[PDB]
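**Student:** So the chains spell out like this:
Protein chains: 2
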Amino acid sequence: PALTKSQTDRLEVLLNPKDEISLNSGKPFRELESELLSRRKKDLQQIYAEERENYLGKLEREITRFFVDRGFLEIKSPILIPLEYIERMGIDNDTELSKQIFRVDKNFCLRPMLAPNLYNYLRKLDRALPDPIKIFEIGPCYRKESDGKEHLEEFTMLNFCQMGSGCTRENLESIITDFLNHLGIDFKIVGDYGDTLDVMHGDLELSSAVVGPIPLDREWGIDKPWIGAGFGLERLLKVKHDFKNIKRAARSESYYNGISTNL
Amino acid sequence: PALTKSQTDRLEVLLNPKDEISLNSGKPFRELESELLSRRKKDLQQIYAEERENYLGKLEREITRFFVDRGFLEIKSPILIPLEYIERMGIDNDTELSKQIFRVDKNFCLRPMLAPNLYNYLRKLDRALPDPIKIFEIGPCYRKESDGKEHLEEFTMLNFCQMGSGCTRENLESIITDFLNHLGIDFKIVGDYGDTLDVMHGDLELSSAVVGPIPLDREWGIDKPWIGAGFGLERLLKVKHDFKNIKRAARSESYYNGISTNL
Ligand SMILES: CCC(=O)NCCCC[C@H](N)C(=O)OP(=O)(O)OC[C@H]1O[C@@H](n2cnc3c(N)ncnc32)[C@H](O)[C@@H]1O
Ligand SMILES: CCC(=O)NCCCC[C@H](N)C(=O)OP(=O)(O)OC[C@H]1O[C@@H](n2cnc3c(N)ncnc32)[C@H](O)[C@@H]1O
Ligand SMILES: [Mg+2]
Ligand SMILES: [Mg+2]
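Protein chains in written order, with the working numbering: chain A, 1 to 263; chain B, 1 to 263.
Chain A on its own, in the form it takes in the complex:
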């Protein structure tokens, strides 16, 4: 008897990429399930005995080393930010991204992006640090999505930026290229001062990158050239580990390093 769709969904939860297992084979569900449970338990046992690191934490540490070694200051700014920051980012209540904001009190929200806080750091550090000013942050961001296969409501962004000298399109592309080649992730940069560039892996957007200046800058007290880009860590993990579903790369109680925890 062929497998049901429910049975197949269950096995797919337990399936890891390159299991090299045959589903249309003849063996009963009970046996296919038991084999996969056995392998996934062995996977968790191996992690526990050997490395013990979470993929998302580990990627964050690897990205952090990359940017610190190339002259970028590590920032840790608030996750809960004023709603006023969202309007000052030019996100009107009429816009689609405005519908995606998780509001917290009358006055606050979960940040949907790193830009507002990094803008403020750029302005502030310009009074203390020599040109060029190079900073980055990694951390949680939040957007209400009709999520599915490549959007999470709770995700993790990297944003880096440089302000002052050396803020060219060529340098932005070179940093992106060095970064992704260091992680071992395949990509192409797609796009036409004011440039928006998308870093794609096939149809999947890994990053939006910007070559400033842009008019928004003056709302944040910024009047120098700048370059920057934002990457989703879960997307990077999804590509790197060949997960079919981005939920396998998320902060989660249902997956650990892409392995089902419902065993």
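Hints are computed from structural coordinates only; laboratory data are not their basis.
Warning: the hint list may mix true and false statements.
As the list claims (entries may be wrong) - Distance condition first, Cα-Cα at most 16 Å in a straight line; then the derived EDC-like pairs of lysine to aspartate or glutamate:
hint, chain 1, residue 1, chain 2, residue 2
1, B, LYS124, B, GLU219
2, A, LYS58, B, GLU153
3, A, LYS188, A, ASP198
4, B, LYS58, A, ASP69
5, B, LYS124, A, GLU253
6, A, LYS58, B, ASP131
7, A, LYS124, B, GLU253
8, A, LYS124, A, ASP223
9, A, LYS224, A, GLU154
10, A, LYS247, A, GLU145
11, A, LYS124, B, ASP43
12, A, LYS240, A, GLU60
13, A, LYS144, B, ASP105
14, A, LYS42, B, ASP131
15, A, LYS244, A, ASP19
16, B, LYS99, A, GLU20
17, A, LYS144, A, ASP223
18, A, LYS42, B, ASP126
19, B, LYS144, A, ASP105
20, B, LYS149, B, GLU205
21, B, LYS106, A, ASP105
22, B, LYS58, A, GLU62
23, B, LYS99, B, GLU145
24, A, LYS247, A, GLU153
25, B, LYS124, A, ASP43
26, B, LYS58, A, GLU60
27, A, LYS99, A, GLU153
28, A, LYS99, A, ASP147
29, A, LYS244, A, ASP9
30, B, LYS5, B, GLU33
31, A, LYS99, B, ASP105
32, A, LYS188, A, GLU170
33, A, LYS244, A, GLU150
34, A, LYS41, B, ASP69
35, A, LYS106, B, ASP105
36, B, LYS42, A, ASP223
37, B, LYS106, B, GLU87
38, A, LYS58, B, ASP69
39, A, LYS244, A, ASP147
40, A, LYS149, A, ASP203
Since the structure of chain A is provided, determine the placement of chain B with the ligands on it from the hints.
**Tutor:** Chain B with the ligands alone, transformed into the frame defined by chain A:
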């Protein structure tokens, strides 16, 4: 002319511990301010030229290494959790901690603690990992406080726990002792199965620790012995760097590694 209280507040923002500067000295405000601005800019310049690491990120990486090296699995679980988890933690709407929860939708909240998610991981991993099960998480937690000098609304917790064999009071105390002596933080353990222990630095609570089992366990499908403790990273930093105000240790736009960013 003596300094005003406002002037003194301003200088205190710029003052770092062991500046060895004399305020009741005779020199005008303008000059004292200029000296401190100069030193704080030099501090940021030194960080930028040399290490480039944020203290909170760096402490997290150091704590992570400590626990991974001693057999604990690194967890990264959701920050946004179901409100049902809070009631199942035995936090009634009549309780004070219930007033402190940041609600997000009808159904979700920002986690005020790590326990509910770690409970779920303990139950799940018990089907896969050999006894004893040893896990930890580090990350953001949220409580509405009348904050002041030692509470933040947005803070960072470490929680570790062990379940199964070896779950004794002596072992819990030994792990706490090794951890704090590794960080170089002075402490005493204060307290009388079911034990609550507070780890104190003078009057400042660094941790609450628990020797299970306790009755709550069965709401989470846990029926084995366990031990665990939760530490605030910002409190640890405050003690370690001798900050007078915990805001200097927080995720912030006003302080970087305890140095004012308003220069
Ligand atoms: C100082 C300002 C600065 O430095 N600006 C430069 C940053 C420009 C860009 C600016 N940072 C920007 O916001 O784009 P995005 O909303 O498309 O998000 C960027 C990336 O986040 C990931 N991402 C976005 N939403 C999600 C989601 N719901 N789930 C998972 N990953 C996501 C995804 O990888 C996407 O490509
Ligand atoms: C599986 C369950 C488990 O493993 N349980 C063991 C954990 C027991 C204990 C359990 N984890 C517990 O919740 O106590 P707390 O609310 O007093 O918070 C603990 C610590 O967080 C810090 N802390 C708490 N609130 C704040 C704040 N508003 N600002 C800064 N630091 C804070 C502070 O260091 C405090 O000592
Ligand atoms: Mg985009
Ligand atoms: Mg307490």
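**Student:** Indicate, hint by hint, whether the structure satisfies it.
**Tutor:** Comparing the hints with the structure gives:
no.	hint	verdict
1	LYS124/B to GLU219/B	holds (14 Å)
2	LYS58/A to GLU153/B	violated (27 Å)
3	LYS188/A to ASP198/A	holds (8 Å)
4	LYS58/B to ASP69/A	holds (14 Å)
5	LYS124/B to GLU253/A	holds (9 Å)
6	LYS58/A to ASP131/B	violated (25 Å)
7	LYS124/A to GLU253/B	holds (9 Å)
8	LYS124/A to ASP223/A	holds (13 Å)
9	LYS224/A to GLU154/A	violated (32 Å)
10	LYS247/A to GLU145/A	holds (13 Å)
11	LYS124/A to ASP43/B	holds (14 Å)
12	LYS240/A to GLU60/A	holds (14 Å)
13	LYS144/A to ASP105/B	holds (11 Å)
14	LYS42/A to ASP131/B	holds (15 Å)
15	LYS244/A to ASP19/A	holds (13 Å)
16	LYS99/B to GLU20/A	violated (52 Å)
17	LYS144/A to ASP223/A	violated (33 Å)
18	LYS42/A to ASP126/B	holds (13 Å)
19	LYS144/B to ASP105/A	holds (11 Å)
20	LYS149/B to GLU205/B	holds (13 Å)
21	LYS106/B to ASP105/A	holds (14 Å)
22	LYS58/B to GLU62/A	holds (13 Å)
23	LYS99/B to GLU145/B	holds (9 Å)
24	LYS247/A to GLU153/A	holds (10 Å)
25	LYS124/B to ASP43/A	holds (14 Å)
26	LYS58/B to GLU60/A	holds (12 Å)
27	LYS99/A to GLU153/A	holds (13 Å)
28	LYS99/A to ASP147/A	holds (14 Å)
29	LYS244/A to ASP9/A	holds (13 Å)
30	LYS5/B to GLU33/B	holds (14 Å)
31	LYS99/A to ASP105/B	holds (13 Å)
32	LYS188/A to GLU170/A	holds (14 Å)
33	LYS244/A to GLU150/A	holds (9 Å)
34	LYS41/A to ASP69/B	violated (22 Å)
35	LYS106/A to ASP105/B	holds (14 Å)
36	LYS42/B to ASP223/A	violated (24 Å)
37	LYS106/B to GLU87/B	holds (14 Å)
38	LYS58/A to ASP69/B	holds (14 Å)
39	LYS244/A to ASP147/A	holds (14 Å)
40	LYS149/A to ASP203/A	holds (12 Å)
The structure fails to meet hints 2, 6, 9, 16, 17, 34, 36 from the earlier list, while all remaining hints are met.
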